[PDB]
Amino acid sequence: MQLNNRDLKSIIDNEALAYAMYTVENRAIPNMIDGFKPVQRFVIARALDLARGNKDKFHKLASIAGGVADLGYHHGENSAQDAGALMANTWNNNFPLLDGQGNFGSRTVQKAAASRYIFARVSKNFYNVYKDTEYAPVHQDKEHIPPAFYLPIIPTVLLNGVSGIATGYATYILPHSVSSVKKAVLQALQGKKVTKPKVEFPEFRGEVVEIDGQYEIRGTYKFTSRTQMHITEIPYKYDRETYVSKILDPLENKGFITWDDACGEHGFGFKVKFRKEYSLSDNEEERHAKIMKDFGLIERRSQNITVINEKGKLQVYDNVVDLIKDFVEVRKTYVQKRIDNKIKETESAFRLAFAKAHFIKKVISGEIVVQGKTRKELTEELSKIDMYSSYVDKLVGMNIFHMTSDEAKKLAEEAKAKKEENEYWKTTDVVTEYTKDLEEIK
Amino acid sequence: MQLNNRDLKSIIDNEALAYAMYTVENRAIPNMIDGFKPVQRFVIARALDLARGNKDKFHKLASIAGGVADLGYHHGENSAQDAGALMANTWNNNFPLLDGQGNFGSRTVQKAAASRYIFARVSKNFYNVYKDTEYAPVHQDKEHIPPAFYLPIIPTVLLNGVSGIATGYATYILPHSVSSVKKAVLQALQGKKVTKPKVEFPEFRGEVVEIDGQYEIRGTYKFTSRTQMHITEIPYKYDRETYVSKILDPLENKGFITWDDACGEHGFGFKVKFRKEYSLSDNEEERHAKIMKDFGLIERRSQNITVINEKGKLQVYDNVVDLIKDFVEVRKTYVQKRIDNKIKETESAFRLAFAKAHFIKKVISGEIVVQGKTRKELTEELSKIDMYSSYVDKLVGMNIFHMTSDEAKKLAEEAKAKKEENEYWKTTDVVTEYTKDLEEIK
Amino acid sequence: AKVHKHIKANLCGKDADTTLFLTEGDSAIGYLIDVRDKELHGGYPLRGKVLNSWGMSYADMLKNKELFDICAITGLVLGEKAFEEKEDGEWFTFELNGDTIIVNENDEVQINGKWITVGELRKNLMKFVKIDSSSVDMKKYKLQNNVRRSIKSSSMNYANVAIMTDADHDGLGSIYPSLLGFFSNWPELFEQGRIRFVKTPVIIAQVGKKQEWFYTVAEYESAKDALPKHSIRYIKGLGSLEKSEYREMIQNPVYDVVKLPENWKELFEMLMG
Amino acid sequence: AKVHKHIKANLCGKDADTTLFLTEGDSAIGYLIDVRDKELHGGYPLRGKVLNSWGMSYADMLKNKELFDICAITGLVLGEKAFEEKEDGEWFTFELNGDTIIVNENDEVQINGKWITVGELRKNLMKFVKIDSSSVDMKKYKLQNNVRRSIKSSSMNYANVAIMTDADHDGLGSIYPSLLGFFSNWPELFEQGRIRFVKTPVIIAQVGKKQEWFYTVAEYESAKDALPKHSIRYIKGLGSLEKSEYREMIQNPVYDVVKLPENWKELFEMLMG
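As they're listed, the protein sequences go chains A, B, D and C. First residue of the first sequence? That's 1 in the entry's author numbering, and the numbers climb one at a time after it. First residue of the second sequence? That's 1 in the entry's author numbering, and the numbers climb one at a time after it. First residue of the third sequence? That's 392 in the entry's author numbering, and the numbers climb one at a time after it. First residue of the fourth sequence? That's 392 in the entry's author numbering, and the numbers climb one at a time after it.
Derived by calculation from the structure, the hints in this document are not laboratory data. Check each hint, because a few of them may be wrong.
The list that follows gives simulated cross-link-like pairs (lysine-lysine, DSS-like), each with its CA atoms no further than 30 Å apart [to be verified]:
1) A:246 with D:405
2) D:634 with A:237
3) A:419 with B:373
4) A:376 with B:418
5) C:600 with B:124
6) A:376 with B:409
7) C:533 with B:55
8) D:429 with A:222
9) D:393 with A:293
10) B:337 with D:429
11) A:124 with D:620
12) C:429 with A:9
13) A:254 with D:405
14) D:405 with A:276
15) A:376 with B:394
16) A:311 with A:182
17) A:313 with C:627
18) A:246 with D:396
19) C:627 with B:57
20) A:57 with D:627
21) A:332 with A:436
22) B:361 with A:373
23) A:57 with B:57
24) D:634 with A:254
25) B:246 with C:396
26) C:533 with B:293
27) B:273 with C:429
28) A:373 with B:419
29) A:394 with C:620
Partial chain C-side listing against chain A, Cβ under 10 Å, derived [what the hints assert, rightly or not]:
30) 503
31) 535
32) 563
33) 564
34) 581
35) 587
36) 590
37) 624
38) 627
39) 646
Where is the CB? At the ideal position from N, CA and C, for every residue including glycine.
Next up, chain A with everything else stripped away, as it sits in the complex:
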C-alpha cells in the first residue's frame, strides 16, 4: 500500500504540459528538413508501407487514412484524408510527393472527391528526392513508427508551400520553383552566393513580382474591345466559387459589369462586359491600376518562415536563403553518414564476394572436395582457414550452378566490381556524392 505525497502541484503540472507534449507531437509547423506536417509525415509513411510490395499500385485514400492509426497518429482519419488530398493534387504543389488517381480538385474547384473513391500512391518525385530513408532519425516516442523526419535532397518545405496556424506561431511559406531551389541548394553546397529562390505557384499563368519584401501576386488580363475584357488569370488563393462570390457577384449587383463565365481546361478565365455606368479612364496605366484594384487581380503575401529544425526546436528564418544554408549544413552530416555506412557495407560485401569466388575457384580445380564428407566436417575444414572465418553459412549455402565456368567468371567480376565500388566510396566526400544526387531530380 505505497501511499505517495505528490501534492496538487505535481498532479496539476503533470496534467498540464501533457497537453503541451500532445500538441507538440501534432504541430502545424512544418519540419524544416523534410517539409512534412506530422499528419503529412504519417500519411507518407503509410503510403510507403502500402507501396512496399507494388510501387505503382494505387491504394484507396480511405485505406491510407485508416492505416495511420497503426503508425501512431492520434487525431483520427479526417486529418489524414485532408493531408493526402492536398498532397496528391498538382494544383496545390509544384512538387507533388503523392501521384494521385481520381478527383483531387483543381484551381477552379479546390474540393477533392470522397476519400473512398480517390486513389493515391507515392510518386517518382518522392523516390527522386526523398533518399536515405533508412538513415532518418528514430522518433523519440517508440510508438511513432515513422521516423522523426525524412531526408530529402532539397528542402521540400519550400517547394509545395506550407500554411498553418499554431498557438503563438504562424507559418506561411510561398511555393518556390523546383529548379530554382535546386540551383540554390547546389550553390549552397559549394559555398557560393546563393540566389534567392524564385516563387512560382503551381499551374499559375499569372505574374509574381517581389516588391519591398512583399510578393505581389498579379493576375493577367487582356482587352478584346473597348468595353469587353477577358481575364486570363487570377491570384492564387481564389477558386471559381469564392472569386465569383467576392468579386463578380457584388460588382454585378452594383451594375458595373455583366460578367460571363469562361473558365476551362486552361486554368481560369472570365469574359466581362463593361456597362456605361462604370467609368474607364483614358490613360492606360490608370485604367490598369483601377482594374487590378476593383477586380482583385493584385494580391500581396508575406512569408512567415517558422519551421522545426533538426533538433525539434521551433525556428524562425528571416529569408529562405538562411533556411537553405541550414538545410544543406544539416544534410551534409547525413550524407557523411551514408558515406560511412556505404563504406562498411561495400567492405563487407567485397569480403564475402571474394570468399565466394575463392571457394568456387578451389572447388573447380582440385582443392575443396565436397564430393563426399560430413556437413559439419566440411564447415570445420573450410572454416579453419582465416579468410572463410565468419562466412561459413553463406559460403556453404551457395548454389550448384555457381560451380560452372561462366558463373565463376561472373562471381570474380562481381568481386572486382565490389572492390571498385568500395574504393569509390572511400575516395569520395559529401560534396561529390551530394552533387551527383542533385542531378536526377526534374
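Once you have looked at the hints, place chains B, D and C on chain A.
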C-alpha cells in the same frame, strides 16, 4: 450520343435488387458451414491477415476493425468493433475463436472496453477447428477478399450461439457444448443415430433442462437460514445491471426483500434477506416454485435455427440434428477436395524430390560433371533426361551443401518418405481423414 | 435570381439545346468546369439526399434551397406545362439504322446526334411513307428517343437535364430516383426524353493505348476473354475517373433516357412514396 | 436513495475503512465486481466529462446526476465539513522506516497498511519523543500520509475515495483534474489523505513467470537493461490490463494521494477555471 430507352420500370427495379443485394450481403443470419455473420467473417479474415507474420502477436482491436474496409466490408468499423469484442470474451462464447487481451467484459458486466485499449488475436481454437482454409470457396463479388465461408471441422454456429434479427427472418441458436458437438459430428460421419447436442452456456453454473421442446434455463439457489437466502447462479441473459434493476430493485421497492450484493470471481451471486411482509409457504416445492418465479431465476428459450447453407440460400432447420447431418454432408466433399489436392501435391513433390535426390547420386560418384561448364549448357545436357527435364530449374537451383554425404542420405529419405505420404493420401477416404482430424480439438 | 453554384452554359435560353447536369457533390463537378464545351454544358452540384417529392406539398417545394434552385436554374414554373405542343395532321414512317421510325411532319428527328426538322428532312429525298393517324402506333411512337414531339414554344432555358450520379450505394438509395420524383411534376419531360441519366462506367480496362469502358459487370465477364492484358479499375463513384476519362464521358456520353409509362404514378408510391 | 451503478462495499458506513473507487467507464468496472474484497472496495463508474464545479453554485450541483451520485454515494452533504476533529494537547515524534514522523496523541498511524491508534502504539513499548506544540513542524505534519489527523466523528459512509482513470489523453485532459475541483469543496479531505489516485502501470514486462510494473516511462529506460528478455505492453488505458493484473492493482495498489497546499485555490482557476 447513344440514347437508350431504359424507361422508369428498370429504374425502380434496379433501385431494388441492389438494396436487397446491399442486404443479402449483410444478413445477420449466420452461415451454416462456418458460423460467421458477414461482420464476423471480415474480422476473422482481418485477424488472420495480421497473424501471418507473428501468430501469437496481439493486435489492437481498432486496427482489426479498421482493416475490414480494405477487405470489403461496407458498414464501417463500428460494426466490426462489436463483433471482435463479442468473439474474444469467454463469457459470451463457448468456443472463442479469438484469443483476447484486455477488458472484454464478463457475465456481471457485458460491456467491453474501448476498442483502442483492448487487444485481440486468432486463438488456438481457430487453428484446431478451422482447417482447409485454402480450399474455401471464392466469394462471388471479387471485392470481398475473405472467402464465401471458412471450412471448420465442427459446426461452429452451434458452439458460440448466434442471435440476430433480419427483415422477415430471425435467428437464435443456443450455444451447444463443444464436447457434445464433436461427438454428434463423429456419429454423423459414420451415419449412426446422432444424439441431440447438449446445450451448455459458457461460464454457466446453473441448470439447463429441455421441456416440451423448450429449453428452460434454471438458476441455482441455496438457503443459508430460514429468512436468509444466497443465490449462487442466475439465468444467462441477465447481467448485474439488468438483474438488479429489473428484478431486485422493484422487489426491494415493494419491501419484500433487502438484498445484499455478493457478486465475485465465481460468477454471479446475491445474498437476499426475507422480510416479514414476504410470505413463504412451508411446502418445499411451493417455495421452490415461488422463488424461481418472482426472482426470475427460470428462463425459457426457443431455438429458431435459420442458417445460410453452402449455396447462399436461407434455410430453416427443425432441430440441430438435421443441421449437423447436413453439415457433415457438405464438409465431406471439401475433405474430398483435400484428398484430391493432396494427391497431386504429394505426387508432384515426390518426383521433384526423387529427381533432386538423383542429382547427388549422379554427381557424387561419376556422372554429372558440373565441375566446369556453361550454365545454359548444363541445363540442356540434363534436360534431355525425361526424369530430370520436368524440374530442371529447381533441380539445378540447389544448395551446395546437398552434395555432402549426410545431406545426400537425408534427401534420399525425404524422397522415400514422400512416396509413403503420397501412398497414404491415395489409399485414404473422407471417413479416415475426417475422424483423424476430429481428434485434435479440445 | 442568380444562383452561385450554377456554372452556366452560354447558350442558356437561346432557342438551342442544352445538357444541364445535376452531379452529386461540388467535388465531382470540378472536372465539369474544365471539360465543358462552354456552349451547352450547364451544371449544378447538389450534395445530400433530395427530399421525396411524391406527395410533397408545393408550399415548401420552393422553400427547399436545392429544390427551388432546380426550378430557378431551369426556369420552370411549378404546376404549369413546361412545353407547348404544336398541333399537326400528318404522319410518316421511314427506316433508320434498320429500325422503322414513326414520325410526324412537325416532329424533330435526331441523326448522328443532331436534331433535324422533318420538313427539312423530307427535302433531302429519303423515303417517307405517309400513314393514317388511326394506324399510328402510339406505344411505339412514344418510346422513340430519336423523335421529338412537336415543340412549338418552351419556357425552359435549359433544354435537357442530364442527371449524373455514382454507381455505388451513394446513388442507389439516394438521389437517383429522388429527382425523377420531382421531375415527375412535368410528365411531358420523360415522354419527350429531356430527363437523361449519364451512364458511369463501372469497370475500365487498360489495354494498349486506349481503354475499354464496361458499363455493367455482366458486360465485363462476357468480354473479359477478348481483353489483351486488361487492368481493372472499379469505378464505384464519380470521383474515380481521371480528367481525360471524364472528358470522354461528357463529349461522347451514353444516356439512360428514362421514360414514363402508364404505371408511372404507381411505382412512385411503391418506393420513396 | 439507492444508486444503480453503486457496487457497494459491505462495510459501508460501519465505522470501518473503505476504498470507494471512481473508475471511468462502466467497462472498467468489469473486473472490479470480480476482484473486490466484498468488504471495503466500493465503486462507481462515470463515463463522460465531469462539469467544472468552480463557477456553478452549490444548490445546483445536486442537479447533475454524476455530481449528485457522488454526494449520495459518499454521504457528503454540501456546505458542511466531512469530518469532526477531536481536540488534543500532546505531541510526539518517532522514527519509522528511517524517517522521522511527527504525530499527536489522538492521531492514527499506518503501519504495514494498517492504521493503529497512537494510544495503542504507546503501549507497544517503542520510543516516542514528546515535543512542545510550538516546536511541531506544521508543514511536515500535514505532509505525512502515514498519519491521520484526529477524527472524532464522521458523516461519511465511504471512508476514502480512490480515483482511478487511464493514462492516455482520455485520462489527462479528462476526469482526473475535474473531480479534484469537485472534491475541493471539502479541503479537509486532501489533508486527511482521503482523496487518492491509483497509479495504473504504463509499461509491463514479461520476464519469466511474474511481471514487472513500470509506472512511468522514465522508470522503464532506467531499468530496461536489467530486464531479461522483456516483452513490452503499453497500457494506455484501464481497459488494457488482464483480470489477474487488475486484481493485483486493487489488492496491492500504489496510491497517489493528493494533498492540497495553501496555493490550492489559485490553480483551480489556472486550469479548468
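Item to check | Interface hint status, residue 624 of chain C versus chain A (Cβ within 10 Å) | outcome: 13 Å, violated
Checklist entry - Are the Cα atoms of residue 57 of chain A and residue 57 of chain B separated by 30 Å or less? => result Holds, at roughly 28 Å.
Item to check | Satisfaction of hint between residue 627 of chain C and residue 313 of chain A, Cα-Cα up to 30 Å | outcome: 27 Å, holds
Checklist entry - Quick one, are residue 419 of chain A and residue 373 of chain B close enough, alpha carbons at most 30 Å? => result 26 Å, holds
Checklist entry - Does the alpha-carbon distance linking residue 600 of chain C and residue 124 of chain B stay inside the 30 Å limit? => result 21 Å, holds
Checklist entry - Under the criterion that the straight-line Cα-Cα distance not exceed 30 Å, is the pair residue 254 of chain A, residue 405 of chain D satisfied? => result 26 Å, holds
Checklist entry - Is residue 57 of chain A close enough to residue 627 of chain D, meaning Cα to Cα at most 30 Å? => result With Cα atoms ~18 Å apart, residue 57 of chain A and residue 627 of chain D stay inside 30 Å; holds.
Item to check | Pair hint outcome, residue 311 of chain A versus residue 182 of chain A [Cα-Cα no greater than 30 Å] | outcome: Holds, at about 24 Å.
Next on the checklist: Does residue 276 of chain A sit within 30 Å of residue 405 of chain D, going by the straight-line distance between their CA atoms?
Outcome noted: 25 Å, holds
Item to check | Pair hint outcome, residue 246 of chain B versus residue 396 of chain C [Cα-Cα no greater than 30 Å] | outcome: 13 Å, holds
Next on the checklist: For the restraint on residue 503 of chain C, tell me whether the closest CB of chain A is nearer than 10 Å.
Outcome noted: Cβ of residue 503 of chain C sits 8 Å from chain A, so the hint holds.
Next on the checklist: Given the hinted pair residue 376 of chain A and residue 409 of chain B, is their Cα-Cα distance within 30 Å?
Outcome noted: 15 Å, holds
Hint violations for this structure: numbers 7, 10, 12, 24, 26, 37, all remaining hints satisfied.
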